[PDB]
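Take a look at this one chain, the form deposited without its partner chain, written out in structure tokens.
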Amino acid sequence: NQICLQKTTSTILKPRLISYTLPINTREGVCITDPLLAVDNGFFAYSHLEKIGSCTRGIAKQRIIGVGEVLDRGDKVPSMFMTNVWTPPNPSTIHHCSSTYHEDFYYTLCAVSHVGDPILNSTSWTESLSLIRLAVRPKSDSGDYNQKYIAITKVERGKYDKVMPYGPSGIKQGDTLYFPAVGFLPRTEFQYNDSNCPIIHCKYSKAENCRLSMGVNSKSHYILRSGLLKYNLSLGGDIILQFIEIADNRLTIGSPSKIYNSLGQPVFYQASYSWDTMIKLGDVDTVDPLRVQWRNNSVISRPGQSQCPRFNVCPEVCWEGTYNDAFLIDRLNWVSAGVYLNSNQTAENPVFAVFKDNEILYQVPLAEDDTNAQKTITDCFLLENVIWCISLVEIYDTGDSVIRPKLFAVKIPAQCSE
């Protein structure tokens, strides 16, 4: 169905807090973090890590991976009902979970670590991946159907030393699952020409900077490269993953990414964790090998820090930024919808926006002006005739005894008045 395509300052966006169920807790002094949200085919996947104390550095208490239905509550407004919850024995070992819906199940692929975040301790992390398959509609007195845990032995990684899921959600093509992922490649093996680093209109940029900034720091062992992890269900036996590296068009440090189907075709978002701060988003040209037709988008960036702030395009050695994805809602006019932090060098001020490449059509703040915020994950879908979007937004520093993200439901307007 149609949507509003005119640039207007009218209050036609009316964000509401969505009703969603989870295992209800009464523990104080807790931070809910490392969120994941996937919405596909009338079902959803959700995850978090509960920490006691600090969000960044508290003692890990509970990890949950959960799935359920996204339903019409009665008055043509979406709700969410959890149906199946999985919990590991040790909360601190599960990292970088990514989820993909196929049939009956949400197949979630996580990394396993005893050295913390593999990104921050790459050389130490011995590569271990595993898959939690949860059924979106549990059946009593079945076997493996409801919950099944699989340790991945067979991993096909090309020329990369290590590979890992790196993103919230992926897609299905037939019976082949594609998770967003990243490859770890030694700097010395990294094939790259310094002449291709666009420093030509940048007085204080060096040719070396693009290459140097392909790692988490300038003297890091590995470089990171985004990609897909492929999992073909048609071979119904031993589980075998194949890594696919992203094309080098507009290349940037491997960063959390998302692949999703919208209006029949696949679309890619990659976070801008470096100097190329403008939003990276576009239709998938080919999936294997992965190649994106990045939009020449000129109005959506992300907050940085001193070295690589918002709207930066000059190559610099920096690892900073925040994942703030967007969802294509109209391909003919290429309009998307997502939440961006309206701030240059601090993670603040979340704003839900609907935008073309060179224009924000209409928007609305979700919190105040001085409200702290990090990750934002948006997924959009039809509920009968009407396009709806669900957005999980990390909101911190609030003073709550329990810091947890807030989930918004937004109706996209058809008319441009009112």
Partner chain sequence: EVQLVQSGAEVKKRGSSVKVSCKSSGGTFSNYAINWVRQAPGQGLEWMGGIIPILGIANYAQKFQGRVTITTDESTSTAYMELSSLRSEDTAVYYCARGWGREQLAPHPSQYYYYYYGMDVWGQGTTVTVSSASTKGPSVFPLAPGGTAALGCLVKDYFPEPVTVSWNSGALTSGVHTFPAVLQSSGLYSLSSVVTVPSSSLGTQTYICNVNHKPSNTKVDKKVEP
Given for the second form:
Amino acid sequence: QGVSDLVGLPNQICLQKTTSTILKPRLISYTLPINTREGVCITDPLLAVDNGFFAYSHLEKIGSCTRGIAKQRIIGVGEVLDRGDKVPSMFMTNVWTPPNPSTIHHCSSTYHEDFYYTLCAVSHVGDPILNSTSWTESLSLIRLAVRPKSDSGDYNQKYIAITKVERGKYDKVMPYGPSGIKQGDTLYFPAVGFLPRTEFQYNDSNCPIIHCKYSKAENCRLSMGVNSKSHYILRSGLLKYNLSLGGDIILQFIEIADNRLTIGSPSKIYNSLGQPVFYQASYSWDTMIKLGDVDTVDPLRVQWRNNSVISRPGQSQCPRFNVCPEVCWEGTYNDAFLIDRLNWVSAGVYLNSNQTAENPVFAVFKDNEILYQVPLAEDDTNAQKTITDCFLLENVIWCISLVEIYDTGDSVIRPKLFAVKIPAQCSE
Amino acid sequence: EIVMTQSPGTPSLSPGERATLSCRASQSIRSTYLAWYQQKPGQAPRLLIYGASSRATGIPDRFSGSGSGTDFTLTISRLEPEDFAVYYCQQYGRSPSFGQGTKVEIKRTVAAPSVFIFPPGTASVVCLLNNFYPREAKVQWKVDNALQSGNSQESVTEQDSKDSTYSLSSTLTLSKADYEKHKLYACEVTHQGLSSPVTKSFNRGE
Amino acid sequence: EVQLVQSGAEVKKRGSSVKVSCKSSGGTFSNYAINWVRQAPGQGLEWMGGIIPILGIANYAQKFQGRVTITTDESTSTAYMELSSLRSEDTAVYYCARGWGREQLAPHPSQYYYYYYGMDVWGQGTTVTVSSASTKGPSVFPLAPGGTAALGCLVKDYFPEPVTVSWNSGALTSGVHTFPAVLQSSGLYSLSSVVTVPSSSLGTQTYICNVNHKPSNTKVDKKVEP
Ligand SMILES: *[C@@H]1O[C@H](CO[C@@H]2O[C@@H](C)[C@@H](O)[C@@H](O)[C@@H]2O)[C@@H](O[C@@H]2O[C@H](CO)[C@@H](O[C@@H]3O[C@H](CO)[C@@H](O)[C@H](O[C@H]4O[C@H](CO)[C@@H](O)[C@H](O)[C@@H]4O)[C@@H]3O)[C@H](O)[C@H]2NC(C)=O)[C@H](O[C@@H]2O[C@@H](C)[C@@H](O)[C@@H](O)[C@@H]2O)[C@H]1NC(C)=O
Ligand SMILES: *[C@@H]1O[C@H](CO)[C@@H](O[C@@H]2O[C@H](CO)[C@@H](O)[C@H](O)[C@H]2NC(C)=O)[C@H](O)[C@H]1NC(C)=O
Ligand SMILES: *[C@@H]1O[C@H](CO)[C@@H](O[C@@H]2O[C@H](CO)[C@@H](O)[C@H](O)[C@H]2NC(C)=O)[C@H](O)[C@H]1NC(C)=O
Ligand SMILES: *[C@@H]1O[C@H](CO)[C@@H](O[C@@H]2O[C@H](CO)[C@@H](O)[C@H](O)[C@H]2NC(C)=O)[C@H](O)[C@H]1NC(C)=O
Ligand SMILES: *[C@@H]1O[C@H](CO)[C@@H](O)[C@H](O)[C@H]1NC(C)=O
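Next, give the form solved in complex with its partner chain, keeping in mind that what was shown is the form deposited without its partner chain.
Up next: the whole complex, starting with the chain shown before.
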């Protein structure tokens, strides 16, 4: 009843392959504050959905998405509800804006009872991925009540700078990804560690170059960094924040295991039908989608699917469906949400192009076949980053998808949000 | 990085008539990313087509765009005096590139070159090819028995305002030292509009 | 209504550098892109690069990457293109042109793509000669001549173009061809201007060519006679 997590025994969904269009996307970007004007880019988006609530974030800057002057950073929370016509909508209820919008980077949100806790990086040198050596590690926490109050002190909004971070042997750590999970009173955020390339142990014999003629054995190791001679390598994982502790907040870094290892990239961890799932973006030579059931969270190990149908666009070195080790840092973030564990079928958006960020398709797929899909825009639509999150409305599976697009109507690079019901039958 | 090849290079065809010039890319490209430009004699280019079919602000309806994929086509419906110029196709976007250009010549009746020769520490012998058509014509310098190589320079006019012909000046530059060592100087002119090669010649004297 | 205005023709030594101006007369650079195109004498157009000022981004073709800096000054509504280490191959005419330019999402974690569109507004062009030779005047030589004769003037060995030629002090026009100049391996130019006349009139009339090369401020006026 109402809007709930994807748990229990949902209504049935079509598990057969069909080339008919049976998915019917909707625009729901309206009850949100993305109010358009040209000259601006709206970048660094974030979407999270948990227990009938949501977190959202973006950075609006004037001019270039890269070099433009930052104007406003939004971190908002609200409810996911039925308008009355059995279609889920998003209603912002509590919005936080920092005083300096150029300093917040790489936010990540996880929900726990009364709040969304969103963990961000504070930087005075731009993106720490690009200014890794210049970035002094500074992490902040913005905690937002999903249902604010009137005379509640700092119950509504609470900003707090983290001083105690256990990073192990990594020089610094950072949130990297849109959303994470709770386990009891312990929160886990998708994150990344910066390791000096000098103390990175990696047997080059592990690099899988069998029947990969033009691939050398070093390529794996060299691809663990933003480029072949980067000072750091990036190792994905989790940042753990245990709410039961009390005292000065401690975050603790948990590196991801080295099976199907690829360069640290924006990832996300979420619960589906009882159990945690991990998606890691393929920013490297391993361009087939990286997702799977979490075996253990701490230490973090992931049973990656052997998916042979979903990939991501790249560039001339590591384009779509590339599978041989190369030295590259290319690709996009396009996550997927487990909606049926028995058949392991997932829902998500991919970019139907080999070397260009365009043509976003919402697809329901299994490991070796796409069951069904629908384009979300036109053939040539510039689109890059997609965040898909599914849930239940009156026990029917719905997915909300954030897609970062070029909007032609206002000539603005911006996020748009789509709601897709997953149909019961395979035939109209 | 994309390479555009145009064709033909030098089409010759008559005024009032229709014209079609082809542009082909070494890659398949979206039609949105293609333009046609016109460069009249000795001045800046101007934009005819963009998106492979659209005439711009202030353009006559003669010009029409066509094609997609790898093949594209510009079309002139009724040619006119000003429509005789060079035409470039452009693929644009990330790293734009032009084709080598198509220059639409004037079609006219074949003419024959009037061939003249002029004698001079250096000396330069000149050979003039006055009022011929079409442009294609060859000049071979000749000393006593010699057929020369890589010591001659060539210059050509554009088509005359009146009769739409070409003229040519070839020039043989050699030090005055080797001027007295040889005796006969000739220039052989092969052209389509003459029966067989004409040759004007002289020996220092008269 | 807007059109662009470029700097004056330049002559520069081999190894030197050039900075060509291109200013917007009517308005600001507001959101358009300024492309730079070049044309080697007697050759076709090649895109060198472009700039989109409202984004603060420049992009270049590979052939000119490193050698070309495309800058702006929005105070002066003025773009600049600086070429460095000039080789003889860079002797050309450099146009600045204006068209739309759009920032696009790329399949890269940080990169953005930048799209330069068809160019609809053109500057007049700026000629840039690169040569080790120095300013010099031309030597004017005559070329004297069965029912039609030809005579002419040879304008030899002048470095900085151009030179101008008239016949009979600009009175003789019909049947005249002044040829496009050629460059000798001396680094100097040489031209020929010729006239067809009736043979009957080799004695009746007297023909005088007027060679006038301003960079040296020459005005040799030489006759022609059998
Ligand atoms: C987008 O990229 C896709 C993948 O590119 C491949 O991977 C990259 C990293 C690089 O290595 C490329 O060289 C690869 O092509 C393209 O789809 C692939 O197309 C190729 C053929 O062009 C397919 O291959 C076949 O693979 C089969 C097994 O899966 C083989 O049975 C088959 O072998 C037979 O035929 C080959 C010659 O083709 C001979 O060896 C023998 O005669 C043998 O009998 C092929 O080797 C590959 O499977 C495709 N991968 C996919 C679909 O994931 C794609 O190109 C398009 O592919 C399909 C959809 C057609 O429409 C093609 O015409 C089309 O080009 C790229 N898309 C575009 C637009 O370029
Ligand atoms: C990495 O840090 C340096 C230093 O903060 C950045 O360089 C600055 O760049 C801006 C934008 O052009 C200038 O206004 C500053 O004057 C520069 N400062 C210095 C000290 O050079 C650099 O841009 C950062 N890298 C990225 C990708 O943002
Ligand atoms: C979060 O912190 C609490 C508080 O220290 C931890 O709770 C302890 O857990 C151990 C083993 O589970 C018990 O033996 C203690 O009695 C617990 N203490 C209290 C006060 O309850 C908890 O384990 C921490 N969670 C994580 C995931 O580390
Ligand atoms: C993806 O494929 C791999 C390889 O087949 C699977 O990993 C192996 O599975 C076998 C069982 O068939 C085990 O004996 C091995 O220990 C596994 N690991 C290896 C070889 O490194 C993997 O299980 C597949 N993924 C899923 C989700 O089943
Ligand atoms: C690296 O690989 C070689 C051979 O595969 C092996 O002998 C060596 O022990 C490996 N290194 C480590 C640290 O295990």
